[PDB]
Structure formats: structure tokens, C-alpha cells
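Visitor: Listed below, chain by chain, are the residues.
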Amino acid sequence: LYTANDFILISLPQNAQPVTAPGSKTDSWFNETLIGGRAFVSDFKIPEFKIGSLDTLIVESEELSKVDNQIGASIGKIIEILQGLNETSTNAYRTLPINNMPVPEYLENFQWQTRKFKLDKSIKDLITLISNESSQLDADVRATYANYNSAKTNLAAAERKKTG
Amino acid sequence: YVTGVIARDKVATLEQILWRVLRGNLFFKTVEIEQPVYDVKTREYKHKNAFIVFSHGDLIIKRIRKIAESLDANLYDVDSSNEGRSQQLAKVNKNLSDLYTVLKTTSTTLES
Amino acid sequence: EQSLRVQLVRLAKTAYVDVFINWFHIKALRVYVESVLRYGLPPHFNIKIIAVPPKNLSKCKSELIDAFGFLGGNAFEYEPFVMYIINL
Amino acid sequence: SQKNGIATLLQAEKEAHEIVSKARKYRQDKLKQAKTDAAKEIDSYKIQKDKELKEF
Amino acid sequence: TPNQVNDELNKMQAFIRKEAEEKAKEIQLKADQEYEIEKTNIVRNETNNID
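Chains as they are written, first to last, in the numbering used here: chain A, 22 to 185; chain B, 426 to 537; chain C, 17 to 104; chain D, 87 to 142; chain E, 12 to 62.
If you are wondering where the hints come from, they were derived from the structure by calculation, not from laboratory data. Just so it is clear, CB atoms sit at the ideal spot from N, CA and C, and this is done for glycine as well. Check before you lean on any hint, since a few could be wrong.
[To be verified] In silico DSS-like cross-links for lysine-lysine, where the CA-CA straight-line distance does not exceed 25 Å:
id, chain 1, residue 1, chain 2, residue 2
1, B, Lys471, B, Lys491
2, E, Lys50, D, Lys108
3, D, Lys89, D, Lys100
4, E, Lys36, D, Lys108
5, E, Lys34, D, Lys111
6, B, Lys454, E, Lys22
7, B, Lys491, B, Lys529
8, E, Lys50, D, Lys137
9, B, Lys487, B, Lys435
10, A, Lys87, C, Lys64
11, D, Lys111, D, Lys100
12, A, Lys46, C, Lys29
13, E, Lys34, A, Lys139
14, D, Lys89, D, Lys111
15, A, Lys139, E, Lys29
16, D, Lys108, E, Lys34
17, B, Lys487, A, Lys87
18, A, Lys87, A, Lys66
19, D, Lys100, E, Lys41
20, B, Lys519, B, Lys487
21, E, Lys36, A, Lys145
22, D, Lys108, E, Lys41
23, A, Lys66, E, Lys22
24, A, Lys66, A, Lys145
25, D, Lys108, E, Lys29
26, A, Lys145, E, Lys29
27, D, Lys132, E, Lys50
28, E, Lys29, B, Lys487
29, C, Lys77, C, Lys64
30, D, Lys116, E, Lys41
31, D, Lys126, E, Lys41
32, C, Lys64, A, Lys137
33, E, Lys22, D, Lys118
[As the list claims (entries may be wrong)] Far from chain E, by Cβ distances over 12 Å, these chain A residues were calculated:
id, residue
34, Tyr23
35, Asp27
36, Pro43
37, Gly58
38, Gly73
39, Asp76
40, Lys87
Using the sequences and the accompanying hints, generate a full structural model.
Guide: Next up, the structure:
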């Protein structure tokens, strides 16, 4: 299992040949370095349709970094809320399976950028759509937090009624 | 493209930060100034260096200009064409000569 | 109280799973954007999964730093690899 | 070289801008000429309508 | 160092060329649509009015 294990994603050009182990095939060198770290990894990518200008690409990259930070913060808040509700039993993270699969199994595939997400538009449009979906999820989390606060207030009122 | 001058001490830092924040590629052809120039803000004759750079994208150019101005770098509209650059240099030289004359007159009058 | 502790809890769990999927997709998009900015077009980059041992994060980071024989625009804070993002 | 590389990059950027402008101008010219080419057909249709009126 | 600078210059030139090509492709699609659109519009405004 080792669900608590950290995750660090990376990518490199097809012509790359790392100087840490010169002369080794890129996949082979990565695996040996991964074996050096006793690690494993697999290919996971989707060819985006972004062909915007360099300035447009930089703006999109900054917006994507901001959106990724916001999404990570929202995911952490949701995980904390679930843990408060005694849901994150095994661990605070990666305990809950996603898409009928555990966290590493889900990470072992990245074809999600298709159909329901493949707008085939520019990167800006897809980023905006993902941001709107994340905002909707955050609103749902806020509604759940409000319901939890109302439940806490009701429990406090009941305790005051049965104080003694 | 962009063109400006900046202290020769911070030119390496400017190049590094420009190459980092702008993950894409860009051209950089900085050249150190021949003689130190009295900085207006520092009130000292510190060294200077050119900040010639060229890149595509209007937003990228605007961001580069904002970053350069953030590092207390003054920029000028250097003409790419040789004839236009020569004409601008001649006009600047004539204005500078007139300013030298009037400055000398004012300094002499004030000293007297 | 029962509603917030059961139905709201289940809805929040489902929303958290959905948000995790969306965040992974957004991270993939950001990695692709960086691989189009740092590395040069045309797109031929090869991505790698993020799986690593729980206690090997520092060693993996050091190995990646050693293997990052590119992006010399930095000093001879961002990672100098074509793409590098640590999650969880 | 660094200076030669910068000069080549500037020349390539200028050439790319000129090529993009030329392609846009050619596209606009083709779009305009399609109606201009259809203008002759419209004039022929007008002549045919006038001939039909004369026949009537 | 010169290899990195040359690679960066080549990548920047390729990006500029790709942006110009994308703009040209957009202009070409616009021209392909507008050729039929303007032909139909001229045909209407002239031939139908004459009819």
C-alpha cells in the first residue's frame, strides 16, 4: 500500500539523456535511478491543443499555477473536513479511493483529459472550465461546512436543554 | 524588442530572473557602460550596463518592461534601423550640446 | 445533525474525490504548459508518473537535480527540470 | 555566436511577422475577390433577367 | 553555453513561426468561410435585386 508515500511528477524531452548515468536509455536510466531510489513510474500525458502565443502561453501558465494552488487548497480543506467527520480512517490523505480505485491506481492513468474534459479549445478555456468546476466543488464543501455548523449549534442547544 | 541601461552589478540578476519568470527563450545582449554614471536615486557614480533584449508577444514584452522598471532600470526607444538610430543620436547630441552651453552659462552666472 | 453527519458527509466525500480528479487533471494541464514553455516546440515531451517511496523523496529530488542537465538560465525559486511538481 | 544568434533571431521574427501579414492580406484578398468574381455572375444573372423581361 | 543559447534561439524562432502559422491558418479558415459568404451576399444583393 504505502498510501502516505509522496508524489512528484516530472517530464522531459524525448531527446533527453540524463548525465547522472550517461549512456543509459532514457526510460532505462529513469528506472535505474528509480531503482536507485527504489521507485517506480509510468508514462501519463495527453497532447493539449494549446498553440497560443508565447505571451499567451506564459499568462496561461501563471493562471494554471494559481488554479492548481487553489485546487490543492480546496482538496486539503475537503480532506480536513472529512477527517473531522471521522471519515479519513486509514490516513488523512489517499485513504478514500477515487473512481473505484485507490490513489496510486488512479495515478497510474491520466486519460481523464477526454470526453467530459476534452473541450478541444485553447488551454485558457479548459483552465476556466476546470476553475469553475473547482469553484462549484468548493461551494458544495462550504455548504457542507455550513450544515455541520448548524448541526453543531443544534447539538449545543440540545446540551444546554439537557445541561442539568 | 526592448533597450535600456542598468547598473552592471544587477545585470546578471536581471538576466537570471528574466530567464526564470519567463520560462520561454529570449535574446539578451547586455553590454557594460564605458564609464560610470552618477545615479539619480543613489547619488553616486556607479557602473552601468546595457539591457538590450528581444522577445515575441506583446504581453511578454510588457511584463519584461515592468520587470526591468522594477529594478530601477531606465529604458529608451532605441531605433532598430541604422538611419533612424543615427538621426536620433544626432538629435540627442545637438540637444546635449545646447544643454551643455546653457548649463555652463547658468553655472557661471550662479558662481559669479 | 443526522443529515449533516451522514448525507452531507457522503456528498462531501464524493465532492472531495471529484476535486482530487479535477486537481490531477489541472496539474497535468500545468505540466503540459510548462513542458511547452520550458522545453521547446514541437511537442514531443515524455511525462513520468509521480510514484515514489514514502522515505525516498529527498533522494529522488537529489537524483532529479543531478539529472537536470538543461535549463541553464538559472544560476550556473523553480526547479530547472523540464517539468517538476511534487504532490501530496 | 551570441550576437549572430540575436541578429538571426531578430531577422527570423521580422520574416515571420511579414509572412503572417502577407498570409492575412492574401486571405482578405481572396475573400474580397470571391464576391468580386461572383459580381460578374450577378451581372450575368441581371442580363438574363433583362432578357427574360424583353422576351415577356 | 553556446549550445544552450543556440537551442533557445531556435526554440524562440520556432515558436514565432508556429504563432505566425496559427494566425495564417485562422486567416485561411476565415477566408474559406468568407469566400462563400461574400459570394452568396453579392449574389443576393445584386442578382436577387435585379430579379
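Visitor: Output the numbers, in ascending order, of every earlier hint that fails for this structure.
Guide: As far as the earlier hints go, 7, 12, 14, 20, 33, 38 and 39 are violated by this structure, in ascending order.
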